[PDB]
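Single-letter residue listing:
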Amino acid sequence: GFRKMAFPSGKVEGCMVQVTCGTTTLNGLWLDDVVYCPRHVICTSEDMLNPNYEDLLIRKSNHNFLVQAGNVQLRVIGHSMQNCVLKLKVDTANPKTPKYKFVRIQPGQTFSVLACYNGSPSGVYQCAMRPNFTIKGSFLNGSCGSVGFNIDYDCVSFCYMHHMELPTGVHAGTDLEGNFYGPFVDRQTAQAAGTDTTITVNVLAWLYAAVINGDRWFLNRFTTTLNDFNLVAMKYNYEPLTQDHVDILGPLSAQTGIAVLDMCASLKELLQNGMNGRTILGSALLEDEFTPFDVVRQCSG
Amino acid sequence: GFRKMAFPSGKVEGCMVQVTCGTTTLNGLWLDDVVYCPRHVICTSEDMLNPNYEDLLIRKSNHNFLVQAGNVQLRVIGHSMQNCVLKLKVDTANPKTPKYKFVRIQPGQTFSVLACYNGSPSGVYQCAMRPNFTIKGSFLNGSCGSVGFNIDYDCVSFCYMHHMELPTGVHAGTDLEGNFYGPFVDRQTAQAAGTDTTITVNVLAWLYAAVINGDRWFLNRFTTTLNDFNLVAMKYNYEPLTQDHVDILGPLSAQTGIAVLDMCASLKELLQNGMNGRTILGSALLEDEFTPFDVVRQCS
Ligand SMILES: *[C@H](O)[C@H](C[C@@H]1CCNC1=O)NC(=O)[C@H](CC(C)C)NC(=O)OCC(C)(C)Sc1ccccc1
Ligand SMILES: *[C@H](O)[C@H](C[C@@H]1CCNC1=O)NC(=O)[C@H](CC(C)C)NC(=O)OCC(C)(C)Sc1ccccc1
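Order-wise, the sequence lines are chains B and A.
Its first residue numbered 2, the first sequence is counted upward by one per residue in the deposited numbering.
Its first residue numbered 2, the second sequence is counted upward by one per residue in the deposited numbering.
Errors might be hidden in some of the hints.
The list that follows gives simulated cross-link-like pairs (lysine-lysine, DSSO-like), each with its CA atoms no further than 30 Å apart [what the hints assert, rightly or not]:
hint : chain 1 : residue 1 : chain 2 : residue 2
1    : B       : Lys102    : A       : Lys5
2    : B       : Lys100    : A       : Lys100
3    : B       : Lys102    : A       : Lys97
4    : B       : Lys90     : A       : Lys97
To be clear, the hints were calculated from the coordinates, so they are not data collected in a lab.
Required output: the full structure, derived from the provided sequences and hints.
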């Protein structure tokens, strides 16, 4: 009874533009009078094999950047590089700018991606940041500069800007200050995703969701300490819990009356014993890409 | 990778408004100077058990309808009813009205849903019209009047307006002419759907998606005729595959070098032997809510 739901994308659609240098076009994000985009737009395909970004940029001027909203050019009046993002000052404040902030998310957190090509949105879908700092997205050539976001009340929190596709078909990128998630660098040289793990806090959220819906055969009579649970979980390639994880499970723990550590003890028994052919929420697989906020957002509205 | 992907919802967000009658509140769709919404907004709790809608509606006045676009009330200057949809004429045009049309979709087709509450957009996701004319949505109290749609070029094709949830947790609603998909009625009584089936052409498209993304453990060296495949399909409550379906799958067959009927032979083996605890594109079940067009677009 659960599905990945994206946030409504309109507030972000109103911020997408295209940025071109020479023949390289990608997407940018226009907020107030600044356009944010991946810095590799300044690279020729041959530069991308081995770029010196400081030296490539010092040779650029405002008049080398073509920024367009649709087919309408936005004149660039300044430029600077902040980590792996380029910031282009433009002479028009975007009238569709929403209330916004820039946030750096943690593994396990989910967000919506608005996949764009040539400044035009094509589709929206929900992603989770994996513990290895990749996302399992859907991106083609020309998608760089597409962004990921959450919407809280009136306010768009941008958390991801897209830069790269790894050999295993997963994706990597930066926050809006240009800092990559994970060890990746914006160079066209062989790179690989590390070994991934299961997002424990989200599996627990999923078990809480099952309980809310009356599916609770897996609740046991025991508890555990956080440290004992973390040490066991790692033997099953599950992530250890942080204090922040315990706290973000607070609302679901209060809603169900099941202490976080009792649920941990139930999960430990599932890991140690298996499902024994039973299902939870209709599935024999434990889901790890629904956060506690996602569960609340779909169970209680 | 390969994700369930919805259309960007902005063009539809600019059309959602809130409609209240009495203590009943739901969403409407504001296009030009008309607001469309489910007619059961005019019902009280008592009315919903057995509503004579023409009789209930004649007793309403324009001023009984409170329409709000954000923090602005829109004055209703006229109303009519078209099947299960109420059309409220308002004194102001929506400047955010997109290019649009109203279409009635076929079972197996997919669309995006913009789930809304009190006229405010809440989430967007992809659904398919099931063969039994339900949809597996995520809708709560206050979601009625949320709409489903596709976007082609700049044109929004509205295909679904939400009205109800069935005891099994699936959903039912109408096209924008107010006619239900399926044998359902907008009355507060328990209703069951016909036996559902699996959308075979969509399962095949998703198998081809799994191969494009380098996952082909399920393939085999065998083949099958169209009719022999269909005999097995129907036995497992899968929809029949037509020659038009085979034709529609051509691009995906060309892209991958796997003849359609060879992929049919693969699916036959999956149906007869199961997945042996294995997974395809992360799923432990055969997914049937991607169309061939959906797969092609997201891989092109
Ligand atoms: C920007 O639009 C583009 C998005 C990619 C293209 C296809 N799908 C995507 O998500 N980004 C890139 O092409 C990126 C640019 C550099 C970071 C400057 N290159 C890239 O992602 O290459 C990946 C490698 C070379 C780092 S790893 C790899 C992947 C496949 C095969 C071999 C090696
Ligand atoms: C409109 O916002 C509302 C949407 C529903 C609410 C919960 N999820 C939805 O999708 N629509 C209705 O509540 C609808 C109004 C009638 C058409 C007049 N009623 C409705 O959907 O009720 C279904 C039931 C309760 C009659 S079927 C059932 C379900 C569980 C147990 C027993 C019977």
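Hint-by-hint comparison with the structure:
1. Taken as a hint, the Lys102 of chain B and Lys5 of chain A pair is honoured in the structure, with Cα atoms around 27 Å apart against an allowance of 30 Å.
2. At roughly 27 Å between alpha-carbon atoms, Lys100 of chain B and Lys100 of chain A fall within 30 Å of each other, so this suggested pair holds.
3. In summary, the hint linking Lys102 of chain B to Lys97 of chain A is supported, as the alpha carbons are separated by about 26 Å, within the 30 Å threshold.
4. In summary, the hint linking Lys90 of chain B to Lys97 of chain A is supported, as the alpha carbons are separated by about 29 Å, within the 30 Å threshold.
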